[PDB]
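Take a look at this single chain in structure tokens; it is the form deposited in one PDB entry.
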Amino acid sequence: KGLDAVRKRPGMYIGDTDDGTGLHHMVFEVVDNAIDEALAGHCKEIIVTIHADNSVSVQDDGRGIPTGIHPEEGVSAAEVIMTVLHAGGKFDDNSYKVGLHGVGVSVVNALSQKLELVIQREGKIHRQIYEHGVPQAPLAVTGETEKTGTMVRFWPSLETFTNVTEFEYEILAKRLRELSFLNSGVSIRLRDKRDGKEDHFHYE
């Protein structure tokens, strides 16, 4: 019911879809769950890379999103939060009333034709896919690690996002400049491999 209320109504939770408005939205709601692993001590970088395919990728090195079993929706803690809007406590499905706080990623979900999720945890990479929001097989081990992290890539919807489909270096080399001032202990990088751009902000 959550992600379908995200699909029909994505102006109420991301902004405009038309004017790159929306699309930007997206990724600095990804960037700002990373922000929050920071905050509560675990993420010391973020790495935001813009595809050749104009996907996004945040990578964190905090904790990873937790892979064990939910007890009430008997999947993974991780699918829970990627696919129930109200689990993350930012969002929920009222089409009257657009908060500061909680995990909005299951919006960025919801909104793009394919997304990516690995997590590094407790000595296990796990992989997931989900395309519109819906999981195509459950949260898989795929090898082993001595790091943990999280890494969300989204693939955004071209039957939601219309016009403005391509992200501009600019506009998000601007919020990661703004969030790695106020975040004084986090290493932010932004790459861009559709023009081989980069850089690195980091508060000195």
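Positions refer to the first chain, counted from 1. Rigid core (definition): largest C-alpha set, two forms, superposition within 1.5 Å. First, how it differs from the form deposited in another entry.
- Rigid-core fit between the two forms: of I69, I171, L39, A140, the one residue whose Cα shifts 2 angstroms or more is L39.
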The other form holds:
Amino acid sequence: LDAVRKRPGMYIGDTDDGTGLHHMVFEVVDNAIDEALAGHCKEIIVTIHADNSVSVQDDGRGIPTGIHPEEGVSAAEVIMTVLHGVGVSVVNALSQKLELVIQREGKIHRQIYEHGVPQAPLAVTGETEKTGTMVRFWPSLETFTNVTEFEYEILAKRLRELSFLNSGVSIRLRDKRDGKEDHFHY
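Mind pulling up the form deposited in another entry next to the form deposited in one PDB entry we just looked at?
Next comes a single chain, given without company.
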């Protein structure tokens, strides 16, 4: 990930005018949409949190959790930390904190990253009936300058375009700073 850290603008877009900041959300959403498509209920939820973080939840099958034979760590960690849209590893690299929650095969798995560094191995923390993947990220204020807060209408505009393109995927957008919400479903 150091190539990303070295030149984040080259991977995510402009880090001073809000372009890169919002693209961070869009990269995660792309992956959530892929996940949602391959599931039954096909809903994603994008939440803008009061502390200037964003979460994206899908109801898909959960991304794989088993050990990657070559890399020797969970497949989820390979996704989050190996360079492959630019990939969610870029998002993780430029997040001062990132929380991953995977619900799969009857189990909840959790893992925390800081600046793309895992704080511990992906771990089973409980049991569950549901499936899905949730990422919540705090963009690094060392990288993102000037425009450091998420603009609702920028997210809403893109999510609307996406709903037409991904028919039958339900997209919910929630702003916890002011109660604003939307529901895009074509």
